[PDB]
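Visitor: Spelled out, the chains give:
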Amino acid sequence: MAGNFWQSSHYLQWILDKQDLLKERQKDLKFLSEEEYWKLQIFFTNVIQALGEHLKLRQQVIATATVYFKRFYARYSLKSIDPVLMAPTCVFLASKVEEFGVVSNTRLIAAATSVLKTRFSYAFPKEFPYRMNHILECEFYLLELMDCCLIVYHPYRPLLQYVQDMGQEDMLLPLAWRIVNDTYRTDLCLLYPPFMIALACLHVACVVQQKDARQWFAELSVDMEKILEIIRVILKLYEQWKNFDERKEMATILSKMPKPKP
Amino acid sequence: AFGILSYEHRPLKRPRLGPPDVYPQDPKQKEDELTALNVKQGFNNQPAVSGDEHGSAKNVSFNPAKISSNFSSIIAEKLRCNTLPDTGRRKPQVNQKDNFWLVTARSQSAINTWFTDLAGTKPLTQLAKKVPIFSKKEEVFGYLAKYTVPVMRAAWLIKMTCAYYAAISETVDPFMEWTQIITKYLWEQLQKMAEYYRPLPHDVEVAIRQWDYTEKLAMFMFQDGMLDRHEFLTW
Amino acid sequence: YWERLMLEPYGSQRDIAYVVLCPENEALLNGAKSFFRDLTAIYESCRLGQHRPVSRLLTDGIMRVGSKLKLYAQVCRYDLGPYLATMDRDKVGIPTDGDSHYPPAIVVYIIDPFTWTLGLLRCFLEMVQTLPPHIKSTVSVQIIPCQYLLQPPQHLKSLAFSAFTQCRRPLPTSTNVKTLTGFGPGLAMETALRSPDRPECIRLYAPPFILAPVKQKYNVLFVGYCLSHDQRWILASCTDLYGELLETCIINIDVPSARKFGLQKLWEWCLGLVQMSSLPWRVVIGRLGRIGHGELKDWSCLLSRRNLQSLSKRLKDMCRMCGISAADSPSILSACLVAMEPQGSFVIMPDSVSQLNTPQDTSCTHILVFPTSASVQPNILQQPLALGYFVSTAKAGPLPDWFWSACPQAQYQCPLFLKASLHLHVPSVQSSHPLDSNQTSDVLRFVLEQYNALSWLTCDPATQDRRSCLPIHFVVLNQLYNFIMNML
Amino acid sequence: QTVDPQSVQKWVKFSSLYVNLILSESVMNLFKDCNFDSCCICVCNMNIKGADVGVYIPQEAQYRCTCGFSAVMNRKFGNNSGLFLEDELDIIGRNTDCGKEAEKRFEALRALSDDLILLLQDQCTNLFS
Amino acid sequence: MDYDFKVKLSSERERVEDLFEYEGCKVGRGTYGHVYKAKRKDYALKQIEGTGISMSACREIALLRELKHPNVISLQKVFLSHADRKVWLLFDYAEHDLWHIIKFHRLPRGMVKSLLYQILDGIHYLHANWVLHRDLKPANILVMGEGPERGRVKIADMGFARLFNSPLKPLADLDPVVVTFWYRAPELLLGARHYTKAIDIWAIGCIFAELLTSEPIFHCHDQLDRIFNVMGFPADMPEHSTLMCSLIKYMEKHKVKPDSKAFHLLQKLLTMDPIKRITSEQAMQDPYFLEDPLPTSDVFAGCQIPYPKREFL
Amino acid sequence: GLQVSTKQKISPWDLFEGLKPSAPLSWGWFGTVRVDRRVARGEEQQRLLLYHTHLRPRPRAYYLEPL
Ligand SMILES: [Zn+2]
Ligand SMILES: [Zn+2]
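If you read the protein sequences in the order shown, they are chains A, B, C, D, E and F.
Oh and the first sequence: position 221 is 221 in PDB author numbering, straight run, nothing missing.
Here the second sequence stands for residues 3 to 173, 180 to 207, 222 to 257, numbered as in PDB author numbering.
Here the third sequence stands for residues 1354 to 1419, 1447 to 1465, 1616 to 1631, 1635 to 1648, 1662 to 1698, 1708 to 1770, 1785 to 1825, 1834 to 1931, 1948 to 1970, 2056 to 2109, 2118 to 2174, numbered as in PDB author numbering.
Here the fourth sequence stands for residues 335 to 349, 1070 to 1112, 1116 to 1168, 1184 to 1201, numbered as in PDB author numbering.
Here the fifth sequence stands for residues 1 to 41, 48 to 112, 123 to 236, 249 to 264, 273 to 280, 291 to 359, numbered as in PDB author numbering.
Just add 1675 to the spot in the sixth sequence (first one is 1) and you have PDB author numbering.
Just chain A, with the same shape it has in the complex:
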């Protein structure tokens, strides 16, 4: 259902506070630190983004599946089901609910087994040993644990509404789109309604391009103190990416994962 965010099941239920996710991640924090878990969530978002890019998909299905990836791991352990199997099954569910089209059975392996051995072979030296019988039970299990919440609102619709109201479209929208694509790495979408993320996006992009957005932001009546920690997360997000590399580290992180028992 669209056009009414404040009566949606995502807003009523899946908006989870900061203290809730910290308690639920403690069993995952028993083996790895917060930095190792956050870099792992950075990487497995990048895997899902790589799989969505390979299938010639849109961006809306990639963000929804990443939320579906983040919703399950917010409130369940990492050692329950293998995250390497989360990446194909969430993309299929996101493309199914948006009515973009159902992928083929052999196509999805060709989507997966190409990607994990052309850009992620250092992370996975072995093959991807999973079939449809593993996926079909998982997505049937995943919707059972999602509280039947299949409709996800996205910050792109306010962001286009914000830039069409403001007027500057050509010099802001590419800068606005890359920030919202980057903020899906963090957990802000499970914490806040999306239209403050778009407002914090419009605040960042005008400062980056040195655009005087004083009179546009001062007139509107919303809470600016809750924007501030959203700004604070984003500046911590890019700062860790300066001293983080992909190929060097995760030989140790993926060796230290708690693997599910057969």
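Keep in mind that the hints are not guaranteed to be accurate.
[To be verified] No more than 20 Å apart at the CA atoms, straight line, and that leaves these computed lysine to any residue pairs for SDA-like:
no., chain 1, residue 1, chain 2, residue 2
1, B, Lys80, A, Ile227
2, E, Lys6, A, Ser80
3, C, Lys1770, B, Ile76
4, D, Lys344, C, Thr1648
5, B, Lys68, A, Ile227
6, C, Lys1770, F, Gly1676
7, E, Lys307, E, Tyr296
8, F, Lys1684, B, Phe183
9, D, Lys1133, D, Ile1102
10, B, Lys192, B, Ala202
11, A, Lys96, E, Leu184
12, C, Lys1682, C, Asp1459
Read the hints as simulated data drawn from the structure, not as lab findings.
With chain A's structure known, arrange chains B, C, D, E and F with the ligands on it following the hints.
Guide: Chains B, C, D, E and F with the ligands in isolation, oriented as in the chain A frame:
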């Protein structure tokens, strides 16, 4: 779910926008237009960002000291924006063309509706857009006692009557001239129950139902500091 | 200018349905129906909701009754018990919105023909037991004298704001998720809410106005306690930094050792309010009387540095996320004790000078503090840690007799002199805030202007100024001290 | 002041050198600092008696009580102010005089359901009485 | 993925056969599945055809999780049995189908005044939430009978319902035939690929004329001749050239007055072009509902029900 | 900070609720600041309390007991 704040009935940017994330049915949207080409080849959905929409640039440099300094300036000028600046003292003014009717006696049924709603529970903001003003100032006391309106709602109608009379006569001290009409309307009440006791008639109870309320009207009128005390107690 | 500016308070306009208890006297009957219809006006002209009576029509919401109190009580009990226990012409032009997504407050109004009157209150002891729990969970009682109807303004608005304050809206128990799934996060907060270790009847408090914020997250409590006319009862009341909470308690100590248990019993009640929150606290204890020699032995020994660290280790056990994040654990960061007593030595007159003169129309407060070192040159240091004076142009209400037995000649002066001292000053338990400083002058000049601030919350809107001096937790303590004076 | 009560009362019905030398040593000789009036039990030796009070009030060896405690001045506040009854008898003295008079005053001062007392504290909880 | 997770989920799960007597007494059968009457050990229990979740089954569960209205059916609980891998659904029992009233009458004008109102306000709410039913049939209109609410009809069987907020594919690319040929729009019968929300306005006006005459107006190129039969030929979008007055007479033979407010609403409901067709909210601004007796919340208005109970199959 | 400066005298014939803003009253007299809506701090503490499950509070009649 009491702990969460809802902006559902709090619109953002009231001149140019509406509710924050509620999307109303715009009747001039792309999903309702039908050209000749749109029917044949289907819906035309193009990417909002030309080039690579999926690509996100993380190698661009950021200056968080610049962002926090600019954000501190934005929140500061909103405090200057939300200030409700001071203004000089002035008499309250009205627009005469829509706030009332010029003639009261055009319809007796409309008066019975308005004073019943005045005796009702509706706050007077809705009643402020249309108020009665009589031919003279004396009928307002007799009619309000007939409906037994509470005095707080009765005194607000008195505040209407002097405001409109001051505006037409601008092209006078309100205390004693209002006091004179109050006293002379209560002076003629004493002519009834004094001489009609000495040779119950229904005309006596007509005077009792209007003297009793207007006397209690006048004491609440007195405690407000609303009229002149000296000439009233002289009467 | 509340009704003039038509402002809206906190609490979002709670609606009140009412029942009126009136005897069969005809002249007394007509004064009430004019009073409560005008009371309906003043409650609704101000933006506080709806003052409509019970929806069933019973002579405009007024019921009748009938030494004679027994006759007044039988029909009080035999009637109020079970009572509290397709054409649509204009609906076609508009459509229905849908299923989409609070019961009104019930406050019974009682008139008192008597000019001991606990027998009218004995109805409320009978109505609390003979009702279902959903009805009886929010029931308030209102008493007014009968002489208000006959002989006299400011009375109508004062009674309106008191009943709106005393509504005390309970926390909802049903959340209406309608998840329609065997398990999920929506059921998880639903199941945790109905767990038997959560208390019932929270009765959330929102006054018509709270203190405005002043620019980590923390909160400071103000608690005040004093004894009754006898030594049988210790009476306490607690407030927030911003006054958003107003709770009090009654603890009995009666003997035919004896004083350590009463001071101990106050503190788990004080620890009760902080543990129903989940942010770390700062505790300030006020005493309306004077601290004696033997009270402070209990106040220092169990509220020491080690024991507050001891309960810090204990609270991490039953709550997991108190172990991880210290900002979500409702611990105590610092402890202080302030004794409150008059001075009665100095006098100032406002009439002597050296655009507005102060005392005839407004009030002001002036403070001087000092470290009061013993000389200029174990757990408890010097008896005055630091002292400061509290002079105020604002007058005070009815104080207890033992408060002014020191120097009663200074009672009747309008600029009133007060003497406040420090007795514990325990900073940085978990290891800058003004309470965290070891400088003894700074911890005075933090709590006292908030003590001035909570005194400004005592402004009756029917009064031009605050109705008395002192903070509201001291005033409400005196409001229940004078009530237990007169009635028992 | 006088007038208001009458009004409502209307409305009810129709509706020797050595003598002064010793007296100077204990009466006018007690002029202490008024900033110490909020005083408490001694910190030097942990007693309700200290400094040079022991010659003004009728043993134990208090050694160099350097704090500002004076039990003479302290007693005045103690006798009729709001205090704990155990603490009140310590300041007076159960063995000496007037401890029996304070006990008699308290016992004559005294000479019901639990939910009704809880009702009394609800009505006075509000802002306006 | 381990054994202890499965026994934890099975313990938290409950069985539909252990709570409901859905076996036997099958009251409804169709291409959507089987409808059973059952209660706790009344409700309408639906089993979807096909092993696993399907295209209709995904469309069912994704929408009515979050939608709620008095005039729309509402689900109370889903069931997922892993023994056979099929989806079980639980709605409240609906006594009378609108097909039953039509078949029994093959007529007071007060109820069809209100049945026209109660569908039209619900379809405006359904359009308001940016989703299309794409299926309006007399078998899809179900009436409460002698229950907690009287009247208050509900719309069900939205297996063909699709969001139209943002079509990433053309709508006819994933569904060439969207509704049965008795109520297919001529617009999509012309091979229109991108079609707007005016399709349902055609469908309600067809079944309203069915309720006006107690006879199917459109009856069995197979229907395009019938569309040109009752409307004449429109002499004033693709494959237009390859196709190779009647309204007044067809209503006259069915004893309906041509000069009436019902006919003026009927003729404005059905047009060849979707732009000149009215949408949902302007239909209820017609004073046809205001005229004389007006739409009631209870469509029976105290009258006893002559229609029988739905017989078990 | 916030001190007191002056006093203004106004007739009671001007104070009426018919006109929507404050015509005889100046908002700069009071230092009125329009601030945005936020939830109650006690209300969010109740929702935040739901995950801790701390020690049981007393049933408020325990305190009124003999020693
Ligand atoms: Zn805890
Ligand atoms: Zn000492």
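Visitor: Mind listing which of the numbered hints don't hold for this structure, in increasing order?
Guide: Hints that this structure does not satisfy do not exist here, as all of them hold.
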